[PDB]
Amino acid sequence: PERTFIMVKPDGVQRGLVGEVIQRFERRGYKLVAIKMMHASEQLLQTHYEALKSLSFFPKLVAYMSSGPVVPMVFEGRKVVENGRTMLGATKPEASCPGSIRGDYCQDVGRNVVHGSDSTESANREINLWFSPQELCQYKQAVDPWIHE
Amino acid sequence: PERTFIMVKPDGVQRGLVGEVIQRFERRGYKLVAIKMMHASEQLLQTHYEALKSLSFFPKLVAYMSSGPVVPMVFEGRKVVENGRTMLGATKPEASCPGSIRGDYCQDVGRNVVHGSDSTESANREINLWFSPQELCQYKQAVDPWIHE
Amino acid sequence: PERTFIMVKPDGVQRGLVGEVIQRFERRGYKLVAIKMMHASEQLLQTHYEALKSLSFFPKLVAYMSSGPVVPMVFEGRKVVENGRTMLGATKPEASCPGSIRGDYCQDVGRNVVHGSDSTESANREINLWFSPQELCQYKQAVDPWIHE
Amino acid sequence: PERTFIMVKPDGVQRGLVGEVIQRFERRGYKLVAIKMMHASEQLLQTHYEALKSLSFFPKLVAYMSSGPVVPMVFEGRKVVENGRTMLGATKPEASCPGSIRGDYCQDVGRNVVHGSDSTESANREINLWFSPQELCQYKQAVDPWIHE
Amino acid sequence: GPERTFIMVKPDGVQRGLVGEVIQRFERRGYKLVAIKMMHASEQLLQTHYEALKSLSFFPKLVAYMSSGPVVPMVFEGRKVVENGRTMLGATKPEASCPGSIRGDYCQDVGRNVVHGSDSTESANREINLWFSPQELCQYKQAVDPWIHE
Amino acid sequence: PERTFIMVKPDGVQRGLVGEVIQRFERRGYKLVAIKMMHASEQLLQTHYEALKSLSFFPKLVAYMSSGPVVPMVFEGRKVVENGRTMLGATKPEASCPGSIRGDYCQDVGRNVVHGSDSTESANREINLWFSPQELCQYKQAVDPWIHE
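Residue numbers (our numbering), protein chains in the order written: chain A, 1 to 149; chain B, 150 to 298; chain C, 299 to 447; chain D, 448 to 596; chain E, 597 to 746; chain F, 747 to 895.
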């Protein structure tokens, strides 16, 4: 029952990359179990980035992430946290390999299209911060016997 | 601004076509302004499909549309209602042209992946049934001067 | 269980379009049940194209279809015959809609990349010419409940 | 040797669709024989649209077509003029089929991404207006026997 | 003759509709398809295919899984097709696979990793001869040959 | 601004990959600012490859690069030189990652489809060698605030 938190940032929304991000996870067999588009409040973004609160760029980041709508979502599947990190690519786009989201679409670390949880512990916290238990949908994937051993 | 209601049906979710549906609208420059994943109640489905009650086998439709999660969403832009119909393709996939969603992905009118509003009046009615006003997001598309005159 | 006969012609093989033809049927949920690559004999081609002997330049057709390998295959699913015809596009590529195989890839009716059965009667006849019953594979598609009612 | 004139308009340049337009023609086996990016003077655009110069929307059209770079190009192959029309789609995007350029990417006739010749006579005029003979390249396509009969 | 490699879509690749995708990855790199078929593989054939694994604990589970649905064996031809085939498929474990590889794009689980490919030219020639008779292998001259290799 | 020189080689033109190369840069937000198709002269190619002029393979490389038309072009954006190298992939295709141009399409170092500048100094020299200043176009990209921080 592993899950990860993925969020399309304001630049991903502006550039029309929301569907592209979702499709990369769907094609790897991962289950979409929650999604919404929203204007994130300052307090929500400060709690989301709480590990960065002591850093000089924290206020600039929180303001940028509230400057347009975001699309938080949740995917479920085997090794979805670690594979999600690989699929997004390095934080620095010039260090990202081609075929990753940031390697294909991004030029600047400050405009890198999408967030993903960096660990299981972070994923569980971020999922519960952005989504209430009622917003998490549950279903049995038909192709389940052919994606997992 | 013109808006239309698009909803991925439970078979579209199962088959991993949510991102595909979204990308077809983003590709055409349309703005995503709301989206969520949910289990639709029978009462919501019966009101949504009020017009089809004069047709045979209404319980089969309600049971199909509540057999898994759905993804309702709202897109904004010029002629988005009529263009949304063309992009989805004919209701019957056999009558749909390749390049449309149903022409590319569907074999059966009863499993046709996605719903879209058939008129401006239906779009306004459906948007208000599925989304509260606070759920619709507002932003200014950077490419606006290049997608319409 | 409806089935249709699809065959990539020698120009489709040369131009690297075998995977593209197969993927157009797979993404619509159709089941691949047989496939091979072969050099078709003149006797097989004359029987396959029996109905075209009433048209001019029959030796030219047999020679072209013998000028390189072909890839016959069989797909199974609801309305696969009539949808197969639409997916391939009009015989003349200049009458084919964009989104069809011939509309996307072909310039010449004489080099139109792929063959498909025009009827269920023709499909049954063509499947028997090209494949022994022992070559057809049988399996249960996991997504079956989601591609048709 | 049939040829047509295709030109990406300023909105197609801005939206990063130059490669998409070119690929639509390459995948149908058409030969790129000339291409360049330029800022077209008002005077050059007035000659290209000579037929519209007395109409009320003429100053608006010339200002838009000089508001950014354009990419004129020439493609060669059988039926390239008529097939180019179908591949671009109807002038008004809302009348365009899915799978055409304007059906996939455009919302507004005034921002319809790309121009293409409407006839052999227009193609010859437009090619000779935008390109000198020395800019037209000549080569023998290796797949020629597999695209032509 | 030219270098060849054996590629086979596994039962999960067939179920998930990925046969055309695998083929197209090789075609777009200029490689020539020279044989292909869909079949139910017997346990006898699969034990010989995986004979180097016969001493390992997971061998019976692997043979049973690989016979639980149809597979699509095929053969591609071209310069360095064995080595490049391995790179295109990606690492055995999908979580170690780079994005852009088949397993990195589509797979979650090493036991459901969609496709097999030969790991050496010796293996490639043994696997081709095991799954295909010489008559099933087709020969043609690729038109773009002068533009894909020097 | 940062610019890099990219050139589709004669095999990339023959194989219909010109639009694919362009789209790889466009989708990463890089601006196309110059392009043309031409038959490169022996003297032009000798100057382009002047760093290799003492090597054994130099005459054969120069001869091959004039054996068909090429498509030189210029892209502009942040880190476009280093990212261009990554997007093209290793010089030898067998050392190239999947997702790069050479990793996706090439088998042979001598037929590796595309050239790209290896440094800022090389890019400036190559741009001025192949393009006169009147061929370089500039425009204000609308999505600039969403690709650069």
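There may be inaccurate statements among the hints.
[To be verified] Which chain F residues stay away from chain B? Per the calculated CB distances, all over 10 Å, these:
1) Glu748
2) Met753
3) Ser787
4) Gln789
5) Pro805
6) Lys838
7) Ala841
8) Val855
9) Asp864
10) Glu867
11) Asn874
12) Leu882
13) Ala888
14) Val889
15) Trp892
[Said to hold, decoys possible] Derived EDC-like pairs (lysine to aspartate or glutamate); straight-line CA-CA distance at most 16 Å:
16) A/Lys60 - F/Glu828
17) A/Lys92 - F/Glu840
18) B/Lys241 - C/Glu340
Hints listed in this document are in silico derivations from the structure and should not be mistaken for laboratory results.
Ideal Cβ positions, reconstructed from N, Cα and C, are used throughout, including at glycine.
Consistency of the hints with the structure:
| no. | hint | verdict |
| --- | --- | --- |
| 1 | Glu748 | holds (21 Å) |
| 2 | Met753 | holds (28 Å) |
| 3 | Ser787 | holds (38 Å) |
| 4 | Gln789 | holds (41 Å) |
| 5 | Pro805 | holds (47 Å) |
| 6 | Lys838 | holds (34 Å) |
| 7 | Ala841 | holds (32 Å) |
| 8 | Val855 | holds (36 Å) |
| 9 | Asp864 | holds (33 Å) |
| 10 | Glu867 | holds (34 Å) |
| 11 | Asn874 | holds (30 Å) |
| 12 | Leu882 | holds (22 Å) |
| 13 | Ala888 | violated (5 Å) |
| 14 | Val889 | violated (5 Å) |
| 15 | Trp892 | violated (6 Å) |
| 16 | A/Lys60 - F/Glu828 | violated (27 Å) |
| 17 | A/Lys92 - F/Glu840 | violated (26 Å) |
| 18 | B/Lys241 - C/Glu340 | violated (40 Å) |
Violated hints, listed in ascending order, are 13, 14, 15, 16, 17, 18; each of the other numbered hints is respected by the structure.
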